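Read off the chains here:
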Amino acid sequence: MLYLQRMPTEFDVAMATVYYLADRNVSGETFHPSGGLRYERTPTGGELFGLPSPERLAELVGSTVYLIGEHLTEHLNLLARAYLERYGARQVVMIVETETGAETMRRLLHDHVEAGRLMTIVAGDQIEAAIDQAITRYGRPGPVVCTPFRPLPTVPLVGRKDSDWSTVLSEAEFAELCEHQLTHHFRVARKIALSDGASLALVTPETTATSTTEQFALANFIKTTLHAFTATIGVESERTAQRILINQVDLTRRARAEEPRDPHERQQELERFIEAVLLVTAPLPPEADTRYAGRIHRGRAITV
Amino acid sequence: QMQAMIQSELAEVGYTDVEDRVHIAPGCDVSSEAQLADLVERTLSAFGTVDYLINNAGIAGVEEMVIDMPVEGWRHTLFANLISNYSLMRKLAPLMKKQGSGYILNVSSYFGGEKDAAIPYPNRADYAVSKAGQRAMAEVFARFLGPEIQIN
Amino acid sequence: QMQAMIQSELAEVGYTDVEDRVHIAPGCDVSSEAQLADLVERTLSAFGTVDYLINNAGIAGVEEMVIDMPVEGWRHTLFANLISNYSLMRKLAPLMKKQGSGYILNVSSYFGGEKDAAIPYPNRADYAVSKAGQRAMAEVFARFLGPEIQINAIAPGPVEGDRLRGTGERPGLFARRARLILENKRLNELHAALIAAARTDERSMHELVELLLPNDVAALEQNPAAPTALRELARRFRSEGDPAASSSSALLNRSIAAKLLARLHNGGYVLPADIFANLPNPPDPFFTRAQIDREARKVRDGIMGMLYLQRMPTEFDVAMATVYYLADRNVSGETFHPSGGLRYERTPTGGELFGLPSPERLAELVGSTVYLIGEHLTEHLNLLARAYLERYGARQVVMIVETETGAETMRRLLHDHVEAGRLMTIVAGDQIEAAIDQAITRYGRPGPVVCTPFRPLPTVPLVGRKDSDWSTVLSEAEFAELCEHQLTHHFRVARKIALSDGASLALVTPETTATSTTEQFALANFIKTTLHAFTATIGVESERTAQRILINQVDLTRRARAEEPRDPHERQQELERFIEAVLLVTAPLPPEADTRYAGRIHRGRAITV
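Protein chains in written order, with the UniProt record's numbering: chain A, 916 to 1219; chain B, 611 to 762; chain C, 611 to 1219.
Simulated from the structure, these hints should not be mistaken for laboratory data. Be aware that a few hints might be false.
What the hints assert, rightly or not - Derived EDC-like pairs (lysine to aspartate or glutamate); straight-line CA-CA distance at most 16 Å: (1) 725/C to 955/A; (2) 1076/A to 678/B; (3) 708/B to 955/A; (4) 707/B to 1079/A; (5) 707/B to 1077/A.
Working from the sequences, and respecting the hints, build out all of it.
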């Protein structure tokens, strides 16, 4: 791994840290007291992507697909329509936390609910058991897409210089933030990975031009945190010879100027999310699952 | 032992009254919020306003496959490596913004990733994700904590 | 003066014999190799063996847009900022490797990019590409120069200093940058309107420019025969203009007319030199002071808003941190940032996932004029010519080569289409602009174009034995030839096509396989990393200047030899993937689908195959 074939000791790192701490014009950077390492990387930030191959699309026909979410009612509606009506999916299961969300998703797609193609289960904080029932009484999944349940809070991150910071985001609320936005994805990923899924699309929280600055900050936090988890789990699955393709589809942009401003661009972003999740969820035929193609198609995160 | 050796070095290098320059607050497990508050109050009583917060405490983790990782280990790793950072940041920020100066330094790791470039690190997903979360916390709170308080 | 103050401080701080601690070498211009050799021999005579090499000498550059960039200025800034780095490193390295230790540090800047993330920096492409070259040089020579020699680069952010000095990152007189920004925007809008008119209107360039001679925006606005582009430009000049400034009523002045004529001439458009001699001169002030003040405050506020800490570090802090860093011994091949926390858009690179382009974009390929350029990559060019002609209905393809032998080889490999009149050949040499000019004049203006390097990758050693004379190591002339063939050629082709109304332009980095040597891999990585910044800068710049052109990069180079094919099946797979990637980056987007967001996505992107 080393260029110099020598690992510096703790004293050298402490020396560099003490020297660097005296700088008075740095904040929010990543300082590396040592480096020069030969290790494989998985760059993120992809945005230029198109439609997947028709052969992968044909694999989606007759598959078992689950959709999970609470806050993205319109997104889940559009995606459920896309899989059922356009690519011959037999059934979709909506895994939700609240009875209100189940009722809402039932009403939005009542036509599919009465047809027996869109069926709802309630998960709460035991989503493993909800997926377990779903598998038991419907069969094992194919491609699955997971989205966050809870929205982003708007409590302040920093208060005024002469303020008491009583209303600022505290330790507890950060704990539920980590639980809902990080632990939920881990739980769903582990459950599907041990349940023989075909592909797994993790959805980052969404932001628009109406989002507040604190929402942008927490969204960037979640994006950067989840990037590493997705990359590591994808590479681990590739080395452990699992069929499953775990990828990330991103609904957030780093600044306000990058987000759309009009409904036309909004529906463009909707269809772009649809095509991105089609890319990351279309099953690859077992004959085409080579070393190089499997290496490319795991651990990748793209931005819509 | 570390305190004794440190104070011996300080006495050797010419400093005076080493016993008032190096205190210890042992027995504080980073996994408990109450122990974090106890550490904060002990440091405040001992030396008053604290300028530098060197958050280095971090364990290896569950040390397993993602597909062999219990959720309780996942929560413990997040609490020890990620949650505690924001907890101590919250408890120590008011003084640093009151006095107009401050610095918090979080000990990350190369094997967690980088901006626009991730790094796989098998058997150790929890450590990598928590470490990148620490890095993200710093990079995103730099704006709001400034210009009074530094984060790195 | 600096030596006197330094030695005064040294005498004050208790040191002895300050006269032997600081020496001066005035008149050593870094742009000349002979002066560099004189500096090397003089410092060797003065203090003997040199341990630390702090290469900081670097100029802002041409300070002009790419389509406004003379070739000689590009060459001069390339010699000044990038070539001299390897020149000094080559001159000094044997001695440091003889003594068993050494350190070289390049003083870069933040505004050129990072690993897998590029940073645009418009109107300053040369500075950015030279910067990326410095970082790539350090990164790739880290492994070879080890373990005896360390190599690193420092890339500080905006640092407060003299307004008249600096490498262009900081203002500075906001007035001058402000006025040049407005003049450039006026020229860019007028040129874009003229190009858009000439794209679809039957009137030649002469008649279209003839509408501009009265210098009356009103006469253009209500002119029924005027193109929609020029009428819309008049409406925008009325909407955004200031009645107190003659520019809201007058189209242009002498300087803008001369620059526009230069752009038109270099773009292959035929116009007399005296066409702008009789243009009426708008009365002063052409620009009101309110506008320049407003957008100068805009630029200053943007620069300040980049800062998280709302204050700019000083030079002393950066130097102090640099010396603190120099005390570290276990680092080599990294980029140090003494200052950061900056607001700027990034263009991440290293993308390797892609599919096939949309069928609507494929239909655009039918009936277009496509040029392919290259010498070494005969098989790839053959496959691409076959793909465009036989599979997507291309009308005619021109193969532009450096020598007669390459033209003959390409003709023989595709004789069937040569005799059919669908594959034609031109010879370029080192006057590629002339080859493009004859191609446009005698066959028409291009659509999508893909460019590949002429020369192969040399296999000369980059590091020699410790007890050797370094006779066979890569020489400075060899490095100059390398950057000329692999970097200057792409710049020249991109400039010429950009001024020539291209539809899209795909830049190809040199190809690497498992058969290549380690030195070839290092040089290919250097070229790829260097070209990433140039591609990102030109893409963002063209997006900002409302250009139709989509300029992108496709990578045939991979960082590790373990990533290269080991069987013919993988080789043909990579060939097909290269075809798909060029198809993605060359397929024209319909004008209806050319939105702000889609245009932003499809410019400045690089895909690794």
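> For the pair supplied as a hint, residue 707/B and residue 1079/A, is the alpha-carbon distance within the 16 Å limit?
Replying inline: holds (11 Å)
>> Does residue 955/A sit within 16 Å of residue 708/B, going by the straight-line distance between their CA atoms?
In response: violated (44 Å)
>> Does residue 678/B sit within 16 Å of residue 1076/A, going by the straight-line distance between their CA atoms?
In response: Violated, at roughly 47 Å.
> Quick one, are residue 725/C and residue 955/A close enough, alpha carbons at most 16 Å?
Replying inline: Holds, at about 13 Å.
>> Please verify whether residue 707/B and residue 1077/A have alpha carbons no more than 16 Å apart.
In response: The hint holds at about 9 Å.
The structure fails to meet hints 2, 3 from the earlier list, while all remaining hints are met.
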